[PDB]
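Dock chain L against chain H, hints included.
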Amino acid sequence: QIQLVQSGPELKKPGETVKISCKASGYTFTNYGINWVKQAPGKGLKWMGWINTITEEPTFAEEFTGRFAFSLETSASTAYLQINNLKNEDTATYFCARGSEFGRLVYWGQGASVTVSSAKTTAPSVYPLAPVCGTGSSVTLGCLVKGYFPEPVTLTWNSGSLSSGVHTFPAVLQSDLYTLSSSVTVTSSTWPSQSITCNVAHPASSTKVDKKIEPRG
Amino acid sequence: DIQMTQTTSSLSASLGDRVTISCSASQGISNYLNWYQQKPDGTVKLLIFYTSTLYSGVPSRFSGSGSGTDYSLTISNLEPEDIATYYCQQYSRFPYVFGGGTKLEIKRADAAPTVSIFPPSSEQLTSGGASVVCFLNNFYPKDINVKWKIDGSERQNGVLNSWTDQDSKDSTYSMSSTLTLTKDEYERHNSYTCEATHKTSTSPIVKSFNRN
Numbered sequence: 001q002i003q004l005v006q007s008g009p010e011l012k013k014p015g016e017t018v019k020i021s022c023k024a025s026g027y028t029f030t031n032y033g034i035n036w037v038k039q040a041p042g043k044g045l046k047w048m049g050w051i052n053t054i055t056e057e058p059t060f061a062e063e064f065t066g067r068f069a070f071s072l073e074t075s076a077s078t079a080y081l082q083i084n085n086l087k088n089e090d091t092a093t094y095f096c097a098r099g100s101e102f103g104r105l106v107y108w109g110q111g112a113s114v115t116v117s118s119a120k121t122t123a124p125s126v127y128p129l130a131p132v133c134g137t138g139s140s141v142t143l144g145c146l147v148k149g150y151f152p153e154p155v156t157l158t159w160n161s162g163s164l165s166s167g168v169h170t171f172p173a174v175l176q177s178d179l180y181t182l183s184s185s186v187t188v189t190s191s192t193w194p195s196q197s198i199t200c201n202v203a204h205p206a207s208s209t210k211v212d213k214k215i216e217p218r219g
Numbered sequence: 001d002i003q004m005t006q007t008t009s010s011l012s013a014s015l016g017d018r019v020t021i022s023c024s025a026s027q028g029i030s031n032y033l034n035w036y037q038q039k040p041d042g043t044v045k046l047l048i049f050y051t052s053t054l055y056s057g058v059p060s061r062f063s064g065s066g067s068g069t070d071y072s073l074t075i076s077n078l079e080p081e082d083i084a085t086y087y088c089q090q091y092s093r094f095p096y097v098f099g100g101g102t103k104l105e106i107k108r109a110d111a112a113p114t115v116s117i118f119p120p121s122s123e124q125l126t127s128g129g130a131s132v133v134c135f136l137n138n139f140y141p142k143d144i145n146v147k148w149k150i151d152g153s154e155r156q157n158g159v160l161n162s163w164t165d166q167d168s169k170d171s172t173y174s175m176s177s178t179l180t181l182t183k184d185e186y187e188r189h190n191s192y193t194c195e196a197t198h199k200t201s202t203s204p205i206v207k208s209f210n211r212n
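As they're listed, the protein sequences go chains H and L.
If you use the deposited numbering, the first sequence corresponds to residues 1 to 134, 137 to 219, in order.
The deposited numbering applies: residue 1 is where the second sequence begins, and numbers increase by one.
Isolated chain H, as found in the complex:
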C-alpha cells in the first residue's frame, strides 16, 4: 500500500522556478525520510539528497547546493523539490524515494520530468514515407514526425492493429524541437493492397493526424 505519488511533467523557461511534489501514503509519513534523485536523459542516477520528515532539515549533495531546496508539508504528507533559476542542465527526471533502514532507497516514485527550454508549444509535421517505385519479399514503410514541442507524442499503425515489424525511433532534438520517425515492415502482398495509416497524436497542442502511405506516383 506504500506509494509515492509525484506531480506531472513540467515545462519551464531558463531562469524560471519549478516545484515538484511527492505525496506519501500507505504509512506513517513522519517515520521515514524522503530522498531525491536526479537522472538526465541517457545519464545515470544522481543522489541529490534527502530531507528529515520530523525536523524538516535537508541534506544536499555536492553539486545540488544553491539553487535547490527540499521542503515538506506535514499535514499533507507531501515533500517538495524546488529548483530556482532553471538552466539547460536541469533538464532531467526527478525521482523521490522513501528512506528506509540501511540507507536504502525503497518505494521509488514514478518520477517527474522537467524540461528547460525557450521553445513554444508546436504541433508536429506528419509526413508519409513511401519507397521508390523501384522489388523483394517485404516492403518497409515509414512515418516522419518533424518539429514538435514538447514531448510526448503517440504513433500507432492502423489504430494499433499493426504492431509487428515496427520500429519507433526515439525523439531527437534539433533547433529546440523534437523529431521522431517510425518504420513498419510488411509483406508485398498487403501493400499497397491494403491501407497503411500512420496515427500521430500530440496532446500538448491538441493534434490528431492520420496519414495514409501512398505509392509514389
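If you're looking for bench data, these hints aren't it; they were derived computationally from the structure.
Incorrect hints may have been included.
Said to hold, decoys possible - Each computed DSSO-like pair below joins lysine-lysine, with the alpha-carbon atoms no more than 27 Å apart:
#  : chain 1 : residue 1 : chain 2 : residue 2
1  : L       : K45       : H       : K43
2  : L       : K207      : L       : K39
3  : L       : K169      : H       : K46
4  : L       : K142      : H       : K23
5  : L       : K183      : H       : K120
6  : H       : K46       : L       : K45
7  : L       : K103      : H       : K46
8  : L       : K103      : L       : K45
9  : L       : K207      : H       : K214
10 : H       : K43       : L       : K107
11 : L       : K39       : H       : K23
12 : H       : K43       : H       : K87
13 : H       : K43       : L       : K169
14 : H       : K214      : L       : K183
15 : L       : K183      : H       : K43
16 : L       : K103      : L       : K39
17 : L       : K207      : L       : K149
18 : L       : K207      : H       : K213
19 : L       : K45       : H       : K19
20 : L       : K183      : H       : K213
21 : H       : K43       : H       : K13
22 : L       : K142      : H       : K43
23 : H       : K43       : H       : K12
24 : L       : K207      : H       : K43
Frame of chain H, contents of chain L only:
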C-alpha cells in the same frame, strides 16, 4: 564524496548464462553497498541491500558479494526480464553516491542491417522542407557506422541520427539516419546515397535514389 565507478557500462550475454556486474569505490565503505535495477521503462527497484541481503520480492537467482572497496552483483540464470541497467550505491558516509551504471544486453547471432532509403514527401516539399530518411533495421551487433555520400562526396554536417534500444523481441538493433535540409538544398544536387558499414560485411551496404 566517494567515487563509485563501474568499469563496464555495456555488457552482453546469452540467456541462461551467469553474469557478474562489478562495482568499485575509492574508499572502503565496509559492506554498506546497495544494488538497484532500472527497467527500460525507467522504473527503479531495490535488489540487494547491505551487500548480500536480498530484498523482499527479489528472485533467489540474484546475489551480491564483496568487501572493502570491491563489490559485485551476480545473476545465475539470466532471464529476459533481467535486461536492465544496474546501479551500485554506497551509504557508509554522506553523501550517497550511485555508480555509473551497467547496461545489460542479450547476446545473439550477428545479422545484417536492412537498409531502406526514402525521398522527401511531396507534402513536405510544399512546406519548403525536404528530409531524406535512411532506415537501418534489425542488425547485430550494435556497433555500426553510417555515411551520407552526396555526389560521391561525404556529407558530414546536417545528419540527424536516432538509435533504438535492443529490441525486446528479436534482440536486434535499428537506426534512423535523416538528412535534414530545405527544398532549395535538395534540388541543388542529384545523388543521395546511404552507406552502411557493419561487421557482417567487408564492403558496406549501399542504398540510393535520384530525383531524375
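Now for the hints, and whether the structure bears them out:
With a C-alpha separation of about 17 Å, the suggested pair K45 (chain L) and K43 (chain H) falls inside the 27 Å cut-off, and the hint holds. Proximity of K207 (chain L) to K39 (chain L) is assessed by CA-CA distance (about 36 Å); at most 27 Å being required, the pair is judged violated. At most 27 Å may separate the alpha-carbon atoms for a hinted pair to count; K169 (chain L) and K46 (chain H) exceed this at roughly 31 Å. For the given pair, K142 (chain L) sits about 41 Å from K23 (chain H) by alpha-carbon distance, which is inconsistent with the 27 Å threshold.
Between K183 (chain L) and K120 (chain H) the CA atoms are separated by roughly 25 Å; this keeps the pair inside 27 Å, and the hint holds. Between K46 (chain H) and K45 (chain L) the alpha-carbon distance is near 15 Å, which keeps this suggested pair within the 27 Å criterion. A distance of roughly 16 Å separates the Cα atoms of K103 (chain L) and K46 (chain H); the hinted pair therefore holds under the 27 Å criterion. About 15 Å separates the Cα atoms of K103 (chain L) and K45 (chain L), which keeps this hinted pair within 27 Å; it holds.
Taking the CA atoms of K207 (chain L) and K214 (chain H), the gap is near 24 Å; set against the 27 Å cutoff, the hint holds. With a C-alpha separation of about 23 Å, the suggested pairing of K43 (chain H) with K107 (chain L) holds against the 27 Å cut-off. Taken as a hint, the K39 (chain L) and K23 (chain H) pair is honoured in the structure, with Cα atoms around 23 Å apart against an allowance of 27 Å. Restraint check for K43 (chain H) and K87 (chain H): the C-alpha separation of about 17 Å stays at or below 27 Å, so the hint holds.
Simply put, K43 (chain H) and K169 (chain L) have alpha-carbon atoms about 25 Å apart, close enough for the 27 Å limit, and the pair holds. For the given pair, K214 (chain H) sits about 23 Å from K183 (chain L) by alpha-carbon distance, which is consistent with the 27 Å threshold. Distance check on the hinted pair: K183 (chain L) and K43 (chain H) sit about 36 Å apart at the alpha-carbon level, beyond 27 Å; violated. For the hint pairing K103 (chain L) with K39 (chain L), the CA-to-CA distance comes to about 10 Å; that is within 27 Å, so the pair holds.
Under the criterion of a C-alpha separation no larger than 27 Å, the hint pairing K207 (chain L) with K149 (chain L) is consistent with the structure, at around 11 Å. For the given pair, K207 (chain L) sits about 25 Å from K213 (chain H) by alpha-carbon distance, which is consistent with the 27 Å threshold. Taken as a hint, the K45 (chain L) and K19 (chain H) pair is honoured in the structure, with Cα atoms around 25 Å apart against an allowance of 27 Å. The straight-line distance between the Cα atoms of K183 (chain L) and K213 (chain H) is roughly 21 Å, inside the 27 Å bound, and the hint therefore holds.
Restraint check for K43 (chain H) and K13 (chain H): satisfied, since their Cα atoms lie roughly 22 Å apart, inside the 27 Å limit. Proposed proximity of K142 (chain L) and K43 (chain H) is supported: the alpha carbons are some 19 Å apart, at most 27 Å. A C-alpha spacing of about 21 Å is found between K43 (chain H) and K12 (chain H), which places the hinted pair at or below 27 Å, so the restraint holds. Proximity of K207 (chain L) to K43 (chain H) is assessed by CA-CA distance (about 34 Å); at most 27 Å being required, the pair is judged violated.
Checked against the numbered hints above, the structure violates hints 2, 3, 4, 15 and 24; every other hint is satisfied.
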